[PDB]
Amino acid sequence: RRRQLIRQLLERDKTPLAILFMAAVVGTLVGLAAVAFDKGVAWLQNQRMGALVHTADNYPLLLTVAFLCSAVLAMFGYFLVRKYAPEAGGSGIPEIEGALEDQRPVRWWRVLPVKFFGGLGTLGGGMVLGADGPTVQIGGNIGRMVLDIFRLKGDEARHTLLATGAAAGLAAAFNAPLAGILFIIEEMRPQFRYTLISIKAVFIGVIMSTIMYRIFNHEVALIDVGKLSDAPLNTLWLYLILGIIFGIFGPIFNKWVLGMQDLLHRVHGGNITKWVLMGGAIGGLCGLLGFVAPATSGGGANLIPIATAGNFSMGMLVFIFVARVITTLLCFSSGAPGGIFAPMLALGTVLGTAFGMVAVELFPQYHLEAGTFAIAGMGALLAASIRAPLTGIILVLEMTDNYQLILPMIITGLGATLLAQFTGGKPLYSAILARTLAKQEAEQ
Amino acid sequence: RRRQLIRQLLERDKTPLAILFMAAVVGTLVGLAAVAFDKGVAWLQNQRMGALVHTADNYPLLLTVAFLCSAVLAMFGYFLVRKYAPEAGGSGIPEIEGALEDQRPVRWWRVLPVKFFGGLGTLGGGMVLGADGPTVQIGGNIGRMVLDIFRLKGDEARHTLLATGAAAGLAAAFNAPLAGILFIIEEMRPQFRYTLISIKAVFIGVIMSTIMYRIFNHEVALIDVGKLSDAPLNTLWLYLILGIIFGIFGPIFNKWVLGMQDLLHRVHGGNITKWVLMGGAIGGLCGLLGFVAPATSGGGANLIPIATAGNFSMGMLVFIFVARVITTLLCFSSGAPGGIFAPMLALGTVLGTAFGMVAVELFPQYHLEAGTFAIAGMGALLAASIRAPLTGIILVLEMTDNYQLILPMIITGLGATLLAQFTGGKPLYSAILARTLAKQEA
Amino acid sequence: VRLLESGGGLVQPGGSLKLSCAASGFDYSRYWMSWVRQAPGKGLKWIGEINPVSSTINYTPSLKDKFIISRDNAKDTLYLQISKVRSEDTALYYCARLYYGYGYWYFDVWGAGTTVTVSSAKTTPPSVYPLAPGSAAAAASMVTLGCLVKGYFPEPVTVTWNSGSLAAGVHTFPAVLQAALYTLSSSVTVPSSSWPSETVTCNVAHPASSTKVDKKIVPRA
Amino acid sequence: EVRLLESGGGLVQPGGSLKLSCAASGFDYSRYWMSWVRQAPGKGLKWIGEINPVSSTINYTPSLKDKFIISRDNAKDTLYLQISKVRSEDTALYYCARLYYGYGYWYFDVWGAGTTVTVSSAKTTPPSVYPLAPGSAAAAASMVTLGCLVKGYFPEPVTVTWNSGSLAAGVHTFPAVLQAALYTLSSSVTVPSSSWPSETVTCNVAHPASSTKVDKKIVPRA
Amino acid sequence: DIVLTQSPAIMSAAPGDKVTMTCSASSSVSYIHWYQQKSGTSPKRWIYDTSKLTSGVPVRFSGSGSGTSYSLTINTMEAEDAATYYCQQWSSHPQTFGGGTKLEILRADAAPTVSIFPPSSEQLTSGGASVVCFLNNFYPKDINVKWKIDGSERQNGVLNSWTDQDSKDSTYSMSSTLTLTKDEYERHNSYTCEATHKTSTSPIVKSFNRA
Amino acid sequence: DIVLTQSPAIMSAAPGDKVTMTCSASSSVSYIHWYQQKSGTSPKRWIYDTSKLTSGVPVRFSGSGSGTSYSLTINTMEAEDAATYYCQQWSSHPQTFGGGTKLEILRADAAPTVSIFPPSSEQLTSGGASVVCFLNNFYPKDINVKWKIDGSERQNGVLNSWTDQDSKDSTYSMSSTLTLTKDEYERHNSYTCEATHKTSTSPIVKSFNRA
Ligand SMILES: [Br-]
Ligand SMILES: [Br-]
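Chains as they are written, first to last, in the numbering used here: chain A, 1 to 444; chain B, 1 to 442; chain C, 1 to 221; chain D, 1 to 222; chain E, 1 to 211; chain F, 1 to 211.
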């Protein structure tokens with residue numbers, strides 16, 4: 001096949017101008033989409049706060065209007081999903097991944113409204129859910145929609161505009177362009193065969209997405225954490241140990257989301273009214289915990305600079321980790337619309353901080369800042385649970401600009417994915433696709 | 001396919017422990033190797049410096065001892081490549097690329113000593129070439145060497161260990177662990193068919209490689225440029241224009257490297273003595289340039305911060321850019337062992353800084369710093385000529401740490417890789433692998 | 001996050017002076033600084049800018065070395081030197097930190113100002129006389145006290161009462177020039193209980209002579 | 001340059017307290033841990049304590065509770081050491097250092113010149129300065145040794161120079177000895193027979209603890 | 001240089017009015033900024049990029065425009081909004097400032113409170129004599145003040161001064177200072193200032209007698 | 001905590017010559033540092049991480065070791081190498097230095113230039129009498145001084161003081177000072193001062209009579 005390859009080599013990277021232009025408009029719309037979705041989630045959480053002040057005297061009334069305001073919004077999003085778009089429950093990444101294997105449909109006429117307005121429901125109630133799931137599936141479908149509109153043919157185009165959509169989608173959720181592109185290249189593309197996902201075109205989509213985000217967001221970065229200390233060579237072995245800790249917990253967490261998916265399906269069996277009611281209970285519990293124990297609820301982007309700085313006690317870190325594991329499972333395993341990615345950064349940090357804390361007290365000769373161990377462990381549930389270590393390392397890198405920590409971030413990351421592999425664990429997004437293709441068959 | 005897929009998903013990212021443990025040995029070896037390559041080169045540039053001290057009075061004599069010292073060292077490397085391993089000429093990234101498509105041999109028992117010691121000659125005489133060619137080829141060969149020694153069977157084991165070695169080698173040359181992983185993913189894996197390269201094992205080898213770099217180098221990074229200003233959004237269109245300029249020049253420079261590869265071959269006809277004699281005059285010229293005007297010679301990493309801080313006049317920059325476009329084509333089209341990746345970084349930094357200075361005077365309302373256009377231009381030739389923009393960006397990112405410039409950098413990058421596609425350029429590493437398979441069926 | 005400019009005051013026509021601006025509260029490097037002035041009662045006028053590394057230095061259309069802007073990042077201080085001074089440089093000078101949103105730049109945070117008077121006159125400190133109700137304590141619920149600040153040059157002075165503890169009830173009146181000297185008064189109204197029960201003092205301060213006066217308003221008996 | 005300039009150590013009465021200040025110039029004084037080390041006279045180097053840039057961790061040697069108090073003032077670019085309940089064991093030369101690492105085994109990167117802390121209940125006393133001319137039947141050789149004795153001062157130190165420091169060559173001043181709560185030392189100078197009594201030799205003594213400047217002219221005896 | 005020119009140099013308004021001032025440019029400018037300068041303060045960045053509010057600027061404010069006409073608008077102006085407002089461009093270089101729209105408040109009437117003060121003893125020991133009359137907290141600004149010595153009318157050596165409108169209650173104040181030699185002050189007895197304001201047909205008058 | 005003991009507490013060696021000190025730790029230690037202190041100067045960081053020189057430290061210097069035994073070595077010693085070398089560890093917390101090693105120039109023997117001085121008239125007025133005897137410029141540093149008042153040995157009121165090894169000629173000096181009252185000083189006539197070195201058996205006697 002020598003002569004064949006000489007031909008292909010000379011034809012490499014010649015994406016059709018049609019796809020390059022269209023990836024631009026996908027990026028842009030996904031950008032405006034995520035920006036709108038981001039503004040809307042905020043506005044709801046705010047109206048929720050100003051309610052607790054029209055009533056801030058009667059504390060039992062206070063705990064009540066906190067619960068019902070989230071419950072109602074939870075339910076509204078659960079309902080929007082079962083009634084009109086069931087594959088828009090949960091993250092949506094496993095679907096958009098299925099769409100790339102050509103095994104799941106991109107029902108964009110249903111999912112765009114269902115995910116967007118249904119996500120605003122669950123996120124806006126203050127449930128423990130990220131915006132990544134929403135934006136990524138929303139972005140994916142937006143790619144499909146502009147395909148079907150301009151009726152472009154080829155595999156290249158269907159897969160590209162699907163990729164650049166969900167890529168631009170993740171980018172716009174975190175202001176993380178590099179992280180989006182890598183997410184397609186490492187995690188989303190079809191993993192057992194070749195593909196015609198133009199990477200140059202995913203690049204154009206991500207650009208536009210990210211520019212649109214800079215137009216409605218500037219002067220504030222999602223997280224500021226400032227410059228932390230370096231790490232000496234003789235400290236690296238501590239980050240490897242922290243990777244191993246993630247590597248055994250990573251898979252353990254994966255078992256729980258699945259068994260909790262099962263456990264919560266026993267609660268409604270499929271019944272849209274038991275389900276929506278159950279979601280409202282979950283919602284209201286989060287909005288209640290949102291008032292009374294805020295670090296145990298919400299997406300988690302907030303307490304990440306607090307937890308780097310070392311402002312929490314060790315007892316608090318232990319509390320938050322247990323409590324947030326529990327609400328993370330309740331919210332994500334329930335099937336409410338919304339990703340798990342962003343709350344796994346939170347669980348990661350908290351754990352890394354707690355470790356840096358013990359590490360600082362054991363080794364004063366090392367001159368540690370517990371904040372470095374938190375940054376290494378932020379991308380570490382991503383490594384050990386969804387097994388996209390290159391994505392999380394660069395995602396964290398983009399969010400925290402502490403490049404002098406690249407070696408320990410990497411080292412904790414592979415430690416995580418190595419022990420996650422070796423203790424018998426599977427990628428989370430992949431093992432959700434499969435259970436969903438194995439119900440898309442066991443019914444026959 | 002649904003039954004097939006479901007079964008494959010439940011089995012994903014289960015790289016055999018044998019491969020992973022062997023990836024760790026590959027990275028360790030390449031880091032040590034690459035460190036050693038780096039220390040050697042400097043030691044020889046040092047000797048050439050202190051030898052100009054013992055002859056620092058006779059200005060004609062001085063010019064001659066610099067010419068000869070490098071001329072001699074040049075020839076030693078041209079010889080070591082023609083006599084014992086021809087596929088160790090030039091970069092060797094095309095070579096490792098062919099090897100991953102199963103279309104070229106990894107003659108490691110021949111190439112390791114040739115590329116290592118031949119590289120020491122051309123680099124150490126201060127020729128316009130980068131340790132990256134040498135280190136990526138050495139790394140891949142080191143990855144084949146442990147595959148053989150330990151008799152690991154399989155297409156996966158052969159493709160992975162060959163890859164993590166070449167990533168380990170780019171990392172070690174630039175202290176760029178991500179930029180190494182991304183090189184394999186974006187440019188060096190088989191580009192048109194699926195492959196069983198294990199990313200988790202490339203990562204492991206790059207860690208070990210880079211850890212070696214930090215044990216013998218730390219508290220010093222290759223380039224330090226400071227923290228530059230941010231990029232207002234009403235400034236970004238200026239960065240699309242730069243990538244367009246880089247996007248048209250990229251292919252023209254690609255022609256010139258392909259074309260002059262041809263023209264220097266007519267000089268020696270293929271003959272090892274005219275060739276080694278030609279290389280000594282190139283490498284002799286370089287070590288001479290390196291005294292009467294050091295910015296027209298060398299790998300070029302030197303003048304990237306000197307350019308970014310606008311410490312050059314507009315004239316000097318125009319010079320340095322044309323002079324270095326010359327001495328880059330002479331050194332690399334000549335067959336001399338050594339990468340083009342670093343001398344391209346220095347070309348784009350020079351181009352960008354010049355562009356920055358024009359902007360600063362046309363638009364005082366934008367409060368510009370020319371240094372931010374250097375950092376977007378640094379990796380723009382990489383984007384426009386070898387057409388690995390992701391790897392390029394993330395490389396310069398890991399080398400300059402001005403992450404606030406990620407958007408202008410990403411934009412000049414696509415600005416180049418788009419206009420390079422639309423003016424009919426090619427991935428120069430794939431264009432060389434092509435012209436080398438075209439002679440292998442004729 | 002403050003900007004405290006200083007060095008203003010009197011200069012003879014044709015002479016020169018160096019204003020300083022003391023920055024604090026922010027990485028003063030990695031920040032363009034700029035000078036803007038305001039002739040008395042008039043509007044704002046840009047003097048010039050200087051990028052953080054003193055690489056770029058722009059100015060309004062001035063003459064040769066009319067203005068010399070400069071930063072000593074080491075001391076977090078901005079500098080301005082005006083020379084061949086003429087009666088149009090009598091103004092209030094503002095130090096400002098530059099910044100931007102979309103990229104069209106603005107004067108983010110301004111200082112309080114320092115004042116420059118181009119006059120051939122003499123730097124005179126102020127006499128501060130107390131103003132108490134005459135021997136007719138015709139008490140209402142409130143008593144109004146003043147103090148009189150006469151015969152200083154140049155402008156300005158600041159008046160406070162009880163070191164700013166009396167914030168409310170106060171009117172300090174704009175000065176009036178005669179015979180190339182300035183005069184102003186300041187009213188303060190307090191409850192009749194509060195006085196003479198408790199001490200009321202007016203703290204006058206003329207920086208252009210590095211002079212302070214803390215004059216206590218005592219009743220007339 | 002990178003300069004560490006520590007000040008603030010003088011005489012303190014046993015059981016009192018002092019506040020040494022180390023002023024930093026020539027580097028970003030944040031990002032660096034700062035440390036204090038003291039040297040007891042004729043003894044070795046002892047580590048006092050250290051402080052990380054955000055002051056979130058202050059480590060001190062195994063020694064007492066409010067004995068030492070290291071603070072830093074990152075805005076003034078200065079490091080501080082309070083010592084309370086001062087003993088004679090706290091009579092030492094106090095060093096201020098900036099901390100770094102290589103492989104990460106931390107070392108003492110750049111030190112300052114020091115300041116001395118004397119802890120005595122003895123009272124500041126000026127010196128009496130006496131010339132040492134050679135005897136009346138001077139063994140006039142080729143070189144002549146002169147001196148001056150600086151008797152009964154407290155505390156250390158005094159500075160001795162000859163002819164305002166022009167006579168640099170041929171001088172040595174001896175280590176002061178302490179006796180009955182007072183210090184005494186002497187300085188020798190050797191000059192050619194052609195210089196003295198031909199020209200004037202003078203010793204300049206400065207005991208600044210007591211505001212003493214005195215020049216003592218050496219003149220030939222009898 | 002782009003010359004900016006602002007709509008009314010001065011304007012008045014009752015709290016609750018929608019207020020609109022306008023910035024007009026000799027050439028095309030884009031994304032302009034607005035600064036509020038309350039009396040005796042430094043200019044405070046108010047609106048930037050045409051329509052973006054600095055943090056802490058109340059929502060009653062809004063910006064808009066393009067090309068050559070830009071405006072700032074207070075939707076239901078409030079009393080504390082009284083300031084001179086400046087527009088500024090930097091889309092061309094050098095940047096340039098507008099001239100000012102001074103916002104004045106219209107409010108209910110409010111009568112002056114008059115206080116008279118005799119020369120102090122410290123000031124007689126210096127051979128001068130200033131009699132000071134304070135007229136505090138009136139509205140509208142129009143006031144006449146009449147100095148009477150021993151019943152006659154003095155009009156030489158009198159100096160008046162008015163505060164700006166107060167940022168919170170919108171009133172004015174005024175002071176009136178008669179200056180004499182120590183002798184001229186001692187060759188009379190009864191002093192008085194007379195205040196004339198629309199809140200009263202009969203003038204307000206405060207007096208003191210040297211004896 | 002870890003105890004470091006540097007071994008040749010004091011030592012001399014000719015220039016152009018090999019020198020070797022030792023650091024020895026009670027427990028095991030990793031990657032030791034070395035500082036070089038000259039009198040009145042800040043300690044200079046000399047050698048870190050068992051082996052690495054510092055920016056400027058001439059190549060004659062070197063360090064080696066492992067676990068519980070390290071060392072510092074000067075291949076050819078220069079004159080500028082005389083100082084105290086403090087080893088220092090931080091592998092364990094808290095960190096610790098060694099006792100030091102004083103490196104002095106070794107040279108050829110030199111006899112003292114002995115010089116004796118009578119009380120100044122100035123000190124006698126105040127009532128004290130100090131007789132100072134200067135033993136100047138001699139190697140090695142060991143010497144003995146004996147005082148003789150009218151040929152009788154005296155041992156009370158003598159205080160001696162050596163200098164540190166000299167920069168230029170790398171010798172020693174040492175002053176001896178006999179302090180009596182004026183009254184006791186007058187009971188006697190001859191004051192002699194006897195330097196007993198290594199360079200001779202017959203001491204260098206210097207004395208004076210008042211007559
Ligand atoms: Br999901
Ligand atoms: Br090549």
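No lab work stands behind these hints, which were simulated from the structure alone. Worth double-checking, as some hints may not be accurate.
[As the list claims (entries may be wrong)] FRET-style restraints, in silico, Cβ to Cβ: (1) C:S16 to E:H93: 21 to 29 Å; (2) A:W256 to F:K44: 52 to 60 Å; (3) D:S71 to C:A179: 37 to 45 Å; (4) B:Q47 to F:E78: 45 to 53 Å; (5) A:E219 to B:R2: 25 to 33 Å; (6) C:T211 to E:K168: 57 to 65 Å.
Where a beta carbon is used, it is the ideal one built from N, C-alpha and C, also for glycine.
Quick rundown of the hints versus the structure:
1. C:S16 to E:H93: 21 to 29 Å: holds (27 Å)
2. A:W256 to F:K44: 52 to 60 Å: holds (58 Å)
3. D:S71 to C:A179: 37 to 45 Å: This hint is violated: roughly 55 Å between Cβ atoms.
4. B:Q47 to F:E78: 45 to 53 Å: Violated, since B:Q47 and F:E78 (Cβ atoms, about 26 Å apart) do not stay within the stated range.
5. A:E219 to B:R2: 25 to 33 Å: With a Cβ separation near 49 Å, A:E219 and B:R2 fall outside 25 to 33 Å, so the hint is violated.
6. C:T211 to E:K168: 57 to 65 Å: violated (31 Å)
Checked against the numbered hints listed earlier, the structure breaks hints 3, 4, 5 and 6; every other hint is satisfied.
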